[PDB]
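Sequences and hints are given; from them, build the entire structure.
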Amino acid sequence: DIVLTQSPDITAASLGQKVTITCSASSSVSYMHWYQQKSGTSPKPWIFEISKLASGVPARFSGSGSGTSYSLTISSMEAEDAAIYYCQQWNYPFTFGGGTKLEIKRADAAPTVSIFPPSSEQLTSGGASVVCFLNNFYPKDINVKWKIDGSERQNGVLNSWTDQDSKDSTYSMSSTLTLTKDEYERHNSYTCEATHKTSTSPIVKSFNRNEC
Amino acid sequence: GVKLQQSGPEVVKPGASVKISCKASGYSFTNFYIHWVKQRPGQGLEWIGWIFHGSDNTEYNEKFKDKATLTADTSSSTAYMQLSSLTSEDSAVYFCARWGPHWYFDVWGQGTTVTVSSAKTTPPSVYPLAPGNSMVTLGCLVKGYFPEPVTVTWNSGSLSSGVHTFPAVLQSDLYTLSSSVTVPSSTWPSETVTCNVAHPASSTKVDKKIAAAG
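Top to bottom, those sequences are chains A and B. Take the first sequence: its position 16, counting from 1, is numbered 16 in this note's numbering, and each next residue is one higher. Take the second sequence: its position 103, counting from 1, is numbered 103 in this note's numbering, and each next residue is one higher.
Incorrect hints may appear among the rest.
Said to hold, decoys possible - Computed footprint of chain B on chain A; a stretch qualifies when at least three of its residues, placed anywhere within it, have a C-beta under 8 Å from a C-beta of chain B: (1) 18-25; (2) 91-99; (3) 102-116; (4) 169-178; (5) 187-198.
Calculated directly from the structure, the hints in this document are not laboratory data. Virtual Cβ for every residue (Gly too), placed ideally from N, Cα, C.
Below, the structure is given as structure tokens:
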């Protein structure tokens, strides 16, 4: 029962920077393979038999190791290298490691916050959803807080996040508070608050059910 | 080149079974092994087993014996994987791969998505999302549909830069997602901005113009 543990779980590197990730085997193994997978695509062969580069893999990549510890290294980080990397046992049961996520580092960026009241169309049908977008920010870390008439709300809130935009390398996030027409009509002020490192003070956006 | 074509997306109810296919082209098929790999939503990779052109010259991950049955049709160079008595734990994308000459999974299929659910095919309700100021951000809420996926475009694709479409979330067994588009304030409401949402499974496509007011 060989277990493959990869480190680190997630890591970011600046362009031109050297990066190394590791895969540790609970027991000794003769060879290790590596694959690269990008959101929405199938895994692509990257390194095989510890140090051999698969077809379609740039020379900046290299692999090393033996026994219980192996590594994959990028001599100089490039945007297109942002992906998830999995190590794999070379023989039965062909077990994969849990993967390591490599992101491209970039200058910090505060999020652009937008809040949207429920559309008239949804209201006329008896429903009410409030949406907030926290767009193009950098360090994925961010916290969203909803406030209705000043009081904080924790439930009925669904969030979703995008991966690094291959253009600006930022992240985006949406938060949706779902309610019935009545739940929404009972209160007046709706606020979406974002707390990001790029700000000591949370970014606030709001609207009044009536007015706004 | 060496290619493996996998079957389309499947929606199957709990307890039912499904058979996925992986057709090989560009090679002697029977000269290499075909492996199958599973990947649950947002999780890692799992090896299921392999077949070496012999409907039962197979090898399985112990965990998958009793779940997956691998077969092959040399007359068409096709590998099949039948998954029985499906449960929600079986919802995942399944990939097939060839065990190349250098002995590593060298060519991969594009993956087949399997969704195990008793939910009914339902089109999304599409709602426009209107704002406020300089580079302006508009949105489109696509709520209560099943199954995945939906395709969202803005102005039929005229607006591609500044567009963000978020991954869907599942609630009450139905999916909901949103898409945002950012444009110069000099563009909207000056000009029309519309979101187009296509949902193949329900054969529906809707256009929702973003109008002023909130």
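Evaluated hints:
no. : hint    : result
1   : 18-25   : violated (count 0)
2   : 91-99   : holds (count 8)
3   : 102-116 : holds (count 3)
4   : 169-178 : holds (count 5)
5   : 187-198 : violated (count 0)
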